[PDB]
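> Each chain, letter by letter, is given below.
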Amino acid sequence: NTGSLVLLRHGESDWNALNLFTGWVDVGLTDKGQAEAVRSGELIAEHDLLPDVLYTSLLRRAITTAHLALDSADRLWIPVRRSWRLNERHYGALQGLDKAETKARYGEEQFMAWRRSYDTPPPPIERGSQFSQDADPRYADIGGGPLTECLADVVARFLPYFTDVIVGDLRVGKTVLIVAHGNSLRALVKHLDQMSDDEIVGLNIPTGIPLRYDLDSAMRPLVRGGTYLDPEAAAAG
Amino acid sequence: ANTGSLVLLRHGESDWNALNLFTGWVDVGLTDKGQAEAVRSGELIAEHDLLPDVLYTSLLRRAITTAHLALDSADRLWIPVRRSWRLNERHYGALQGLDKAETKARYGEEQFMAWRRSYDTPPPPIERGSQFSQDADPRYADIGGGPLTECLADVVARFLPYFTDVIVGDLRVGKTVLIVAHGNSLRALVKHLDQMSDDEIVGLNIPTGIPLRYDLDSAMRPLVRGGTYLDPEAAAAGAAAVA
Amino acid sequence: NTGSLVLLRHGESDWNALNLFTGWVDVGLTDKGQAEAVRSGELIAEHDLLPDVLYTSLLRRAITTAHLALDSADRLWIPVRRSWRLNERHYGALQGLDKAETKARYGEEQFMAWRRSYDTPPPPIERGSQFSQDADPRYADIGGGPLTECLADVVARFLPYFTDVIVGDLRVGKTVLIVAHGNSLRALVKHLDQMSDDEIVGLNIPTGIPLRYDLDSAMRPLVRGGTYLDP
Amino acid sequence: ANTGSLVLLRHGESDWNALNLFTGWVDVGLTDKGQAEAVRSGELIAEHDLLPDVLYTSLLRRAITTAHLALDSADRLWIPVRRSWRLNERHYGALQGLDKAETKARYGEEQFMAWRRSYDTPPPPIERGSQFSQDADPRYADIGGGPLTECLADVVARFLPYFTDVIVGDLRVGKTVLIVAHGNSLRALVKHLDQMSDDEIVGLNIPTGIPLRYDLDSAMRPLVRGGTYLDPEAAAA
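Residue numbers (the authors' numbering), protein chains in the order written: chain B, 3 to 239; chain A, 2 to 244; chain D, 3 to 233; chain C, 2 to 238.
Quick caveat, the hints were computed from the structure, so don't treat them as lab data.
No residue lacks a Cβ here, since even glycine has one placed at the ideal position from N, Cα and C.
Please note that a few of the clues may not be correct.
In silico DSS-like links for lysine-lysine, alpha-carbon gap of 27 angstroms or less [to be verified]:
no.	chain 1	residue 1	chain 2	residue 2
1	D	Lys34	C	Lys34
2	A	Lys34	A	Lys101
3	B	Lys101	B	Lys34
4	B	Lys34	A	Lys101
So, partial list: chain C residues that the calculated Cβ filter (under 7 angstroms) puts toward chain D [claimed, not checked]:
no.	residue
5	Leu60
6	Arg62
7	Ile65
8	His69
9	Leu78
10	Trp79
11	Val82
12	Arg84
13	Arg140
Next comes chain B alone, as it looks inside the complex:
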């Protein structure tokens, strides 16, 4: 068997609650976000999808979600690997700004572009500014990381991790759990279902509902778009 691949997007963070652009800013989960993660773990267990290995980003809202999920699934003991390549998109100079206030100041057109352009990133964040990560030691091996990203950049930096590290696990039949972010999971779905640049821009992935991919020998999905474990909950839009 090619192993099952389970994707999970973390739930509500503190900055989600404040309605701020977060990006690589390392904020925590709200109480609700923590409760969602626990249920995530129940769903996984309820559908007989116990992971053999866990992949996360370097961001605590994904790492804690993963912890809580595995705790509820009774699989805390399994191996885990973490990579910046699973991080959320870097939001550049938007990091720390209010979304509502931003939409107003620049309008819906610039807003939507910033949020949803595939090829065009926001302005670069200022090095060593309050909400920049360029001085964080976790990014020293990449020279502090990018100053901004668009989804096309996420795709480019995510995919090497997937092919070089995770695919190997699936190939030998392991069930893989990936806990990460809207943009990095959108990047992976774009690759798995071989989606176009404009098709991927309309893709929404809901929080806290595990998404199961059943792959073939070629790492090709058996079911395009995968299968959510709670379709009606997924279905909130």
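Assemble the complex: chain B is given as a structure, and chains A, D and C must be docked to it using the hints.
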């Protein structure tokens, strides 16, 4: 590189500590108070700028969650982690799941203290397949389901290969290593670091919640015999508090 | 402090002897190529630079070079990791061709652009052809791999391996040996010395002579262009 | 077809084998005869459709070079490799660097035989810092220089941890594993797999340069006790 700092951390109160039951490999959770201890452990590591570069744990949720909580308060959640059965608590054999007092009453003082601490005599073997046995748990599949009981000598034998072949090389290249584990496995490590006698380690008590820093030389010999607790006062009192 | 980085480009292959474009074709070293690897090892040992870890490509001419070098340096026992990201540039449909046939097939203008461009790859090789690698199981996790590459493509797929794996070793003080290929090492030098797209394409890297890069905390060369270990 | 195949290979003639010297951890190389054995072993592997997915060796060049030549012939040079002292030949203590005559001279005939086939009695410890001692070799730093002598019981004891915690996991996910090592370390492994007595394993011969195949069940139990050589006709010679 100059040799990395080694940090040892014993988890706090579990649900079975609270019910006074022998635990061993039974995979019980933490009490609210054991969780609070772990958060505090993290603060101490940070206030003493001992930020870890890598984490090692057992396969037991009370250590794993202790680790998560400490790294979160130390803001080092993102570091790599490795887990191994070789860091597990001593297996308590047929004592797993039984009340310590009730067991003391029935078997006697001397037998009770021999089981808990006798360096070379383990408790009686657990029944394969029984309610508090781990022998059929997949996580121990590659070791044939594991031992049915253990003495400290047993823990020392199965713990050290992991220390020398995995953790030491981290220390050698200068990484700050955090090990979050259990009473007997950490006592097994301390026995080895400080080259303690069988007789001496039986008396050693390691307090919960308080990180212990070892400063090692190039040959992995401690520069401070017995290491240094980040809260030496608490340490002395936790060393008492035990059980 | 930061570890030393030692770079080694393998010596003569069987196809170099016939002047054939090789790319990912997995051809072996000539006997001269082998002897050059042995000497490479002697030079490393002669300069007291004993590696703590080895990185190679998936191609036998580098793998064997590394084996012979480490043998002669008496550091055979060290950990080794291999990656397609360290492979030679894929030469697309030129793989297996000599110049003549290539200028014949593709004209002199493209022969030139394909030789000196940074951003123009050769034509894609045909899938399942005799000198294609798309069916090799070693490339299964990347869907068989690319069917052609320009230097820019090599830079793009090389650097993730360098930052995410090799720089970590360097940061904790290890001496790192990389045994690879003209263009993969060219890509690395581009990064280390921050060279321009225009300047990198004709950068020369001699075979069989180790190249030592002393770096600072910031992974920046103390010496621009490194130091060749040689008489 | 889920539990992977195990392929064991004992290197051929070393330069000290030619001088009839006790070698142990002394890191001598392969004779011309020895290399040819290696190359032929690789052809045998390929001829039997046994492509390795991963390679395990000792830290001793006679093994590592054997592995390289074998994989070269099988055209699997590119596969991942892991090396460990736990696959090393038995340490021969004070006998390292001695011939039979000089051994019988300073130690006597009575224990020469003892140290020959006693499961449990190691030769004398070698002098630390002496000419054929490895105690100061940096590759054994993490284990304090290593033991100063071994008996086969010792070898069994330090081998098995590596088998259960590293190699079995590969087998479990279906990989074909190639182990290239030495007489006493492969003996340790076969004693385990076929549950050989202490006294049984003393007279077990493993021929040099003939790959030994073990097919295993989920319990890591051989399907065929003793396994299957790839050149049966040559089993002893």
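> Answer holds if the nearest beta-carbon of chain D is closer than 7 angstroms to that of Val82(C); otherwise answer violated.
Status holds, d = 6 angstroms.
> Please verify that hint: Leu78(C), Cβ, nearest Cβ of chain D, below 7 angstroms or not.
5 angstroms, holds
> Per the CB criterion, is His69(C) less than 7 angstroms away from chain D?
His69(C) check passes; min Cβ-Cβ to chain D is 5 angstroms, inside 7 angstroms.
> Per the CB criterion, is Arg84(C) less than 7 angstroms away from chain D?
Holds, about 6 angstroms.
> Hint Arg62(C) vs chain D: min CB-CB distance below 7 angstroms?
Where the cut-off is 7 angstroms and the nearest Cβ of chain D is about 5 angstroms from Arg62(C), the hint holds.
> Min Cβ distance, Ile65(C) to chain D: is it shorter than 7 angstroms?
5 angstroms, holds
> Given the hinted pair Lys34(D) and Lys34(C), is their alpha-carbon gap at most 27 angstroms?
Given that 27 angstroms is the threshold and the Cα spacing comes to 22 angstroms, the pair holds.
> Quick one, are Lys34(B) and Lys101(A) close enough, alpha carbons at most 27 angstroms?
Outside the cut-off at roughly 39 angstroms; violated.
> Please work out if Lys101(B) and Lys34(B) have their alpha carbons no farther apart than 27 angstroms.
21 angstroms, holds
> Take the C-alpha atoms of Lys34(A) and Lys101(A), compute the straight-line distance between them, and say whether it is at most 27 angstroms.
Given pair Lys34(A), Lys101(A) holds - Cα atoms ~21 angstroms apart, limit 27 angstroms.
> Tell me if the interface restraint on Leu60(C) is satisfied: Cβ within less than 7 angstroms of some Cβ in chain D.
4 angstroms, holds
> Please verify that hint: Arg140(C), Cβ, nearest Cβ of chain D, below 7 angstroms or not.
This interface hint holds because 5 angstroms falls under the 7 angstroms limit.
Checked against the numbered hints given earlier, the structure breaks only hint 4 and satisfies all the rest.
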